[PDB]
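Below is one structure, written out as structure tokens, with a few remarks after it.
With one protein chain removed, the remaining protein chains of the complex are shown where they sit.
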Amino acid sequence: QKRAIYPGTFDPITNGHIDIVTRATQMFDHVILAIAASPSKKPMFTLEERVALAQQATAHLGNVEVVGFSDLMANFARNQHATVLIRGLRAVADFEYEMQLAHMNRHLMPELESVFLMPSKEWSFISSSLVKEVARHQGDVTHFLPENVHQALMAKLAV
Amino acid sequence: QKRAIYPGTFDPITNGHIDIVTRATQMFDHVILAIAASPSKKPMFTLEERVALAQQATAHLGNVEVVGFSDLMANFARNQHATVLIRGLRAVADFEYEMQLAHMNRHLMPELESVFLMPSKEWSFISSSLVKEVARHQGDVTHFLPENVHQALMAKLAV
Amino acid sequence: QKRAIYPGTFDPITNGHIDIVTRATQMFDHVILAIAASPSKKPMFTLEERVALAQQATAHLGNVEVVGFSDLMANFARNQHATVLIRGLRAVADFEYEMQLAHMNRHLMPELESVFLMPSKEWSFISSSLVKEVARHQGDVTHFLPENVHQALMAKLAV
Amino acid sequence: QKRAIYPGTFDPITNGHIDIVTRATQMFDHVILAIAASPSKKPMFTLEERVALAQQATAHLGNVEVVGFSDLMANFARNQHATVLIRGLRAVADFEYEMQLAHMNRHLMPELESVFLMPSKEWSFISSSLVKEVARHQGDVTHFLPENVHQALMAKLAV
Amino acid sequence: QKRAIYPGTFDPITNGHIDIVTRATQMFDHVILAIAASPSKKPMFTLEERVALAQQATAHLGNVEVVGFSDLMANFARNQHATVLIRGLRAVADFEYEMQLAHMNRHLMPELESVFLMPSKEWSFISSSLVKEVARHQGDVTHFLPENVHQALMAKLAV
Partner (left out) sequence: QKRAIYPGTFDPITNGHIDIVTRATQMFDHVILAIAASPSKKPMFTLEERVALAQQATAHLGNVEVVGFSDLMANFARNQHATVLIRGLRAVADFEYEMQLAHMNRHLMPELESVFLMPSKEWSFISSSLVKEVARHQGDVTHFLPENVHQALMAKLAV
């Protein structure tokens, strides 16, 4: 009945993302983990890779649905019959950008309510960007990623 | 099914608060607007005034319950069987303090989720303290308050 | 007599920019809207496009002069006999970068005073970057741009 | 023609304030240095002390007028026929509070423009409160104050 | 050879403080844990209580010296022949205020270097004030304090 969308680039999905979507499923009946194509960010993993990684990483959560999209997130939320948009908040830079996004999304879809969750202390200082940078220099990021994602990141960089 | 609390001092309740609680009622089945006694900040309105003002200002919202409390926010939420704690986010200063409170509340009550809502642009720059400061110095705050609150504030300041 | 420069990339000029330059004209006798070439930012519109867009968008303001430039803004301000440099302030990230810029410009031209204006609430959460991103995904940005700019942005993306 | 007000508590006026008001006088025809009674913060110097100190410290500026006021900043600016309100910006904490005040002042007096000036690097880390705190604890604040203010502060602290 | 001071009110000392001072002892030969009398903030524990609590809580650290002081931090560091001043950084609000203090301390004592340490994620969201606030309102703060401090806090709050 209550449907929420959790959009992001998820390049790749981290334990921080896993924490947020898990909390979302404890709050709403159905959660769409929505992976934006984000070509402007030149992602390391293709959209199809990121969807598969997230599907495996969230298979244990019964009310999570992983979908990729290139639409405007506001339209995609409407077309998923979502009335809640989930984002995790990490730092001041996040907050300020999320504010901009939320006000734009409110303009585009006024009945879509943006709600923010604060991550666990364990994940409050990591990001996909940071994890990739450490991995690019062969540092150990097993603690920060789902097993399947760590394998795929290692495999990716080994090529 | 989902019970949420929206705690604060509400000294007095503003249109920013009304915006946040209205958004909350569109998200959750039952919202407790929880008014802290907050003696340490020496509020302008008494607790009984603040509760009465907030009840009148939210009477049109069918699933809002206005309740006073003097306990720790987490203790009151636990006793009310609430699993969601609503907070509005205004500025960076908000965010950092709310981050603190959220991590403390997660420690005190792990089954309580803190969710942050974003106010309309219309109310993004006001607070109870700013409204009181302007009104005390003979500025016009009509636009920022429910009618009943505006009347009570004028009466208060006329001493 | 009092001459001010309002420099920026204006890729493209938004209603937020229009608000700032309009306020500038209410404060100073002559305002130079100065469009930096900004090749490092790889702008969507060429400098000649951006100048024409801004000229049309500000034609109703009698004391606005639109000029493009690739010089150091401090030298360009001196060569325009400007003693005030206008910038609009939006978020914390803006403020911190504008501070850096102002201190550098003060080093380069000590008699050029940098003054900052805060935008209307309506435009406090938009930017050229955000508007382009929404438009790239076919979202409606008519509310955020001058008519001529919206047409040109639509036309640009339709190719 | 252009009348600007520079309001504050100036308890006491520092070289940071002198820097800001000096820059203002180079921008606008007439600058009112407006000293708030500010009883709620319990100032160290009385209003008559603060006005006298500021007058002496700005006597070399021909187009500065030092005036005390107890009204709302917007009410005083309106009554003084000022169309510019000067504020100095120091840090992020400044910025966010000044943003609030600016939006409130625009609501209260739309014909009043808030303009923000940036202090010299020399004064970017001081405030009246910090200076008083250092001086009270037997630290050297000579570098941060006009001579007349430094003398009065020593006299005050000798009690 | 290197003497460092770690000043604060420590009202009361928390596991965050213990973390910072422990890291300091691993960096410098001798660390003075300097407890400010700080009457202006009206501390919950007296100075003699705060010193006694901190001594017990740091007895396992061989190169820590706990000392009370009522002078300016810079004056005390000079008199203790310390050339390093330790401060912990928690949030953005910390950072900006510490930046101020550091620039003032460099002016007052140029031969004193301010170094900023970062607390563990475990303690990154707590402070003495937050701990007192939670404990006063019947919240569990056992995890955040040394055992001896927890006992003294309970005793204090039982009044």
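Letters A, B, C, D and E name the chains as they come in the text, with residue numbers starting at 1 for each one.
Definition applied: a residue touches a chain if its C-beta (ideal position, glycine included) is under 8 Å from a C-beta of that chain, and two chains touch if they have at least 3 such contacts.
Though it is not drawn, the left-out chain touches A, C, D, E in the full complex. When the whole complex is considered, the residue among E:34, E:92 or E:141 that touches the unshown chain is E:92. Considering the whole complex, the residue from C:75, C:79, C:138 or C:142 that touches the absent chain is C:75. Within the full complex, the residue among C:46, C:79 or C:100 touching the omitted chain is C:100.
Although one chain is not displayed, its contacts with chain D can still be listed: residues 92, 121-122, 124-125.
Residues touching the missing chain, restricted to chain E, are 2, 23, 26-27, 83-84, 89, 92, 95-96, 98-99, 102-103, 106, 113-118, 120-121 (touch as defined at the top).
If you put the missing chain back, the residues of chain C touching it would be 40, 70-72, 74-75, 92-93, 96, 99-101, 103-104, 107-108.
Keep in mind that, in the parts below, only the chains that are shown with their structure count from here on.
Rotation angle relating chain B to chain D: 120°, from a CA superposition, given to the nearest 5.
Measuring from the averaged C-alpha position of chain A to that of chain D gives a distance of 47 Å.
Annotation for chain D: residues 92-93, 96, 99, 103 touch two or more other chains. Because contacts link the chains in a way that matches no line, ring, star or complete pattern, their graph is best described as other.
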